[PDB]
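Engineer: The residues making up each chain are set out below.
4 protein chains.
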Amino acid sequence: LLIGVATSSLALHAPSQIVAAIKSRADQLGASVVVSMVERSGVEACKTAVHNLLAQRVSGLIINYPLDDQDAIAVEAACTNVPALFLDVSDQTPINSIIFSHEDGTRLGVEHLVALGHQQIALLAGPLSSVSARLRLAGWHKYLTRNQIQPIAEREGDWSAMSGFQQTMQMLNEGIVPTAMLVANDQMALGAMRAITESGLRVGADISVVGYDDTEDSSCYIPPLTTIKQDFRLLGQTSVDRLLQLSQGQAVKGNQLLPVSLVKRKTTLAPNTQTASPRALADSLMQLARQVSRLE
Amino acid sequence: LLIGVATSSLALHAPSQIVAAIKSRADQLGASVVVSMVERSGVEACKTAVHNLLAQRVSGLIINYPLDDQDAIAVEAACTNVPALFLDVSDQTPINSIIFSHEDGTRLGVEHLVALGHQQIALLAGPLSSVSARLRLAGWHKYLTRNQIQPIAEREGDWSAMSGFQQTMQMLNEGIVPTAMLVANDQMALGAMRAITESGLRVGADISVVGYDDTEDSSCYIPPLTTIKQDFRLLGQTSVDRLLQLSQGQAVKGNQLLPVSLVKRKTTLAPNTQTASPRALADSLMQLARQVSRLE
Amino acid sequence: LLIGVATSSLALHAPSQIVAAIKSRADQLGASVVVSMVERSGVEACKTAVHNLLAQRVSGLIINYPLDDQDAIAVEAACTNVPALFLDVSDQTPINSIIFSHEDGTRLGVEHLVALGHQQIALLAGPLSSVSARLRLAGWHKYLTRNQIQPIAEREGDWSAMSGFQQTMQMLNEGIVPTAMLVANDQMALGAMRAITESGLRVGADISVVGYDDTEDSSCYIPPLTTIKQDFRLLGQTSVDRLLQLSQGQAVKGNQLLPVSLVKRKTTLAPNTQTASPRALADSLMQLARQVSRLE
Amino acid sequence: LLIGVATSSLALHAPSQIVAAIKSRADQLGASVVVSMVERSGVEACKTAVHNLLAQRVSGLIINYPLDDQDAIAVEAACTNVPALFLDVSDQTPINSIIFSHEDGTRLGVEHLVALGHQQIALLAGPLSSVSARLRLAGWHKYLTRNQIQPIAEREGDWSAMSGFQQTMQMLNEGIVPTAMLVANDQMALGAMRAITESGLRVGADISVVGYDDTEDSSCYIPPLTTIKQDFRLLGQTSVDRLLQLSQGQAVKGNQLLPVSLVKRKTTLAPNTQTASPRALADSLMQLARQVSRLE
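Protein chains in written order, with the UniProt record's numbering: chain A, 62 to 357; chain B, 62 to 357; chain C, 62 to 357; chain D, 62 to 357.
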């Protein structure tokens, strides 16, 4: 029948790619997706959509929206019969979740830099208002502090490439210069790198970066991103499918975790490979001088 | 009070930003929004999404998906009375379509590079199976031949960054070196930029790149992107606004054309052949100075 | 005797200085001041401060707190029975208040920049949750639109020096380089100045700045800041006296505007930036180049 | 419940930041703060302030004011039945005190100037009526003389910037030119910086300056200041936290010494030409760049 989705209200790549995916599995099964957008931020925001969908004679809610444990439980209580699958909650909460692995995404990342030798790492998290955002953060710690490393810089962006740009800009001007950054999403990485680059730094060779999501543009960032990929095509499938087993089968309740993996691209290198430029920056000042004279 | 939206399934940036704008205005004017995603298969798929929208008892429709005139005429028909505003057809198409000036954006893109002094212009458009991606291509022509120049090479991506990277690497790896490329959208320009930088070509100073759209991430594209900005918020207000009025008859029929703008950033410079410029030489220095800060 | 003061518990200097002057004038009169502090919320945070206060059996109340018109009416009523004088509200309110003229402050700042020939002016607003900041920006405008000028920058800070830095820096990175900025307080002005300076620009010559408070430090900011002086001492004496007479039966009640002025210092100059930049730029780059390499 | 505070009615940066950090913690605990202000006077103004807080019927007392020998002891004596916790006396004080390490603070500052290679050190001490001002100067000396160094000159300011400025201008027009100055507070270090800059000297490269406190603004002073950070956020919490213990019943007595650090920023460097300075040079290339930029 009709599967309803509650999602962003902001055009973020990860939430969009998962919708595109849900809508994609629905086709191969002859099912109809009817999407509802959740008013910017909140609890009573998801509720209105869950009312809106249950209303549109749907048969299964895929809550593609961030809710802290109490809220999630407070929203599945709203979807009455219409079974629900929470795609963004904690894998500890009492609903039918289907979360991506944060113990591993964080471990795989925290682990890559370290084996490369990095000990001066910085953390760039998404709004801590977001559960997944938070969990991603706790993981960062758990593992850095379990590999004997306490982060030199810990910031909070809002998923945007520009808050990723801004945040690294401010961090490097506060004086903190990590050899590696652990970023909570792929767009703040576009930004952290625009930040890193326009400082004289070389992403990888000077300041490394590992994103999270491996969203579509990522392979094409102008130093392609080493990321923690979260297969949204597989997520969309796995979910449409478990959703149907809630109503049209036996709700084998609990939470399922999808795997995650490190996509080694071109933004991570061992620290202090170092080129800082001695008579070299002089060399350059000198080359622009003659151009500067050629000017006037 | 229920805008029904037929939107693409493709997870491209521009259309999701438009959806966020249409829904923001939903929230503001008291109305509701229900989305039905069109798989990329013409009106056949579009009109079915129209049926499902029309089945949830939507007040009116916003069909935001590329309809080929004659397809547009048909999607419309299947919106049985219910008012339909078209966000992606031809202004030259006899239906109710609000459309960004395909004539302005292509003039500004061309006019920008001619004034900088480029004569060797390469064109990279989206999939010719799109009126916007045909109306854009025709547009680069009117003004290239007008300002007396024919495109040295022209390719076709699919709106994604990978297609930009590849087409440009092909043109580039085929012997063709343009000084400025006029790219259809912003995601694809992300990739032009990468094919440019991986061939030892500095985007901007060697091969300038002009995008189109100005999708939220564009300003953090490392060399921030110069682009034809198309305001998607304005689409969110004019469409929702007009949809509600439309829905209540009021003879404001046919196409309405919207403003465009050149958001100039760091990807367009005077060609490989000038000097550098007081503009390009000031930037060169400040990154050198910034390195001199850390240097010693 | 006892005059209870309800104040901002965030340590911004301007309000510290008013509480200080109330302590100063209550001392002259043989009176005691008791400061209750307000959490960062709205009216219920100021209201409870009134109850914390009222309870101490105070005879008058001075609300040194940004109330949003209607909320001033609410606190005015919570702390009734006892005479209440509001110091950070709008002159439009049906309460006893003592505000500093915003029309002047905003004109004086907008006019000194104009007589000097500034055309590209930027605006640094305080958090618009503040009725004061909210009012400073309106005039920046009223006098700028009445002088043929439109701001080419409109940013908001939270009053700290660091938010002043981030916003001036963000704007210069966005590409906007105004000849003068009209800042809303001296702290953001310090940061704006620290921003302009680390960009290679000159406070005064390349970018003038006009703060707004004439806080104690302003005299010693690197380029001694030219500000709109708000005399918190005259404010502390008049507010105390007016409360002690309201304490009695002496009305003369409603809204009362204290004057304000423009303290010329060093940050203001004309945009007569000597455009000289002779072929001397090259030779001078040259020396800096040798200079750079000498220590490496 | 209620904690009364006897603070300085002079509006200084740090004392205002503690009173805030006291409010913050008092908040988290369900404690209600009432502030009384102390006009500078011996044990006198403080005894009457104590009385006002006793009249207000408070649970405990936090005395945040510069109390001398038997001043602290008399003010304690008048604090009948309410426990008094002092924030500004000495160690060698038989009262419940809690202040930052002056042995550590002055040691780190000094030995930071001695590791960079200076020997010509200046002192801009605070007003000698403050116990900590005189403790801070004791420490400048103790460690100055243990590193075989002896200050070339020393000054007394009154904690404001205008005084640092004058005390610093005075010594500079007296022939005494130090390679570094150790200053009692950042507000005082601000004017010393104005003083140095105006005498044609480059703060940091000519006269390194080390403040003490790290009040909010410092991170944004022109050359951002190197300071002995004193965390008022902990003084505020430990004070309120301990204050209630002493009256809860867990009699936790005597003085407690909170740790301190040095925040290295941009006002300290080594003194020299075979230094030629990296930030000095860098500030110059961006000034040059911002001069080439306007070459059109």
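A couple of the hints might just be wrong.
Each pair may be met inside one copy or between any two copies, as identical chains are not told apart.
[To be verified] Pairs of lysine to any residue residues, derived as SDA-like cross-links and limited to a Cα-Cα distance of at most 20 Å, are as follows:
| id | residue 1 | residue 2 |
| --- | --- | --- |
| 1 | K314 | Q211 |
| 2 | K108 | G91 |
| 3 | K327 | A106 |
| 4 | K325 | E215 |
| 5 | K203 | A81 |
| 6 | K314 | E215 |
| 7 | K203 | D88 |
| 8 | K203 | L90 |
| 9 | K108 | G310 |
| 10 | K290 | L73 |
| 11 | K108 | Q89 |
No lab work stands behind these hints, which were simulated from the structure alone.
Engineer: Each of the hints needs a verdict: does it hold here or not?
Structural biologist: These are the hints, each one checked on the structure:
Taking CA atoms no more than 20 Å apart as the test, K314 paired with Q211 passes in neither setting, with 37 Å inside one copy and 34 Å between copies. In this assembly of identical chains, the alpha carbons of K108 and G91 lie at most 20 Å apart only when taken from different copies (16 Å versus 27 Å within one copy). In this homomeric assembly, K327 and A106 never come within 20 Å of each other (Cα to Cα): the closest approach is 40 Å inside a single copy and 39 Å across copies. Taking CA atoms no more than 20 Å apart as the test, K325 paired with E215 passes between copies only; the shortest distance there is 19 Å, against 23 Å inside one copy.
Taking the shortest Cα distances, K203 and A81 never come within 20 Å of each other, neither inside one copy (33 Å) nor across copies (33 Å). Proximity of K314 and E215 under a CA criterion of 20 Å is satisfied in neither setting, with 36 Å inside one chain copy and 37 Å between copies. Taking identical chains as interchangeable, the C-alpha atoms of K203 and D88 are never at most 20 Å apart, the minima being 40 Å within one chain and 30 Å between chains. For the homomeric pair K203 and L90, neither the shortest alpha-carbon distance inside one copy (40 Å) nor that between copies (29 Å) is at most 20 Å.
When the C-alpha separation of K108 and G310 is checked against a cutoff of 20 Å, the pair qualifies neither within a copy, at 22 Å, nor between copies, at 32 Å. Both within a single protomer and between protomers do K290 and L73 lie at most 20 Å apart by alpha-carbon distance, with minima of 16 Å and 19 Å respectively. With identical chains, the CA atoms of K108 and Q89 are at most 20 Å apart between copies only, with a shortest distance of 18 Å across copies and 28 Å within one.
Going through the hint list in order, the structure does not satisfy hints 1, 3, 5, 6, 7, 8, 9.
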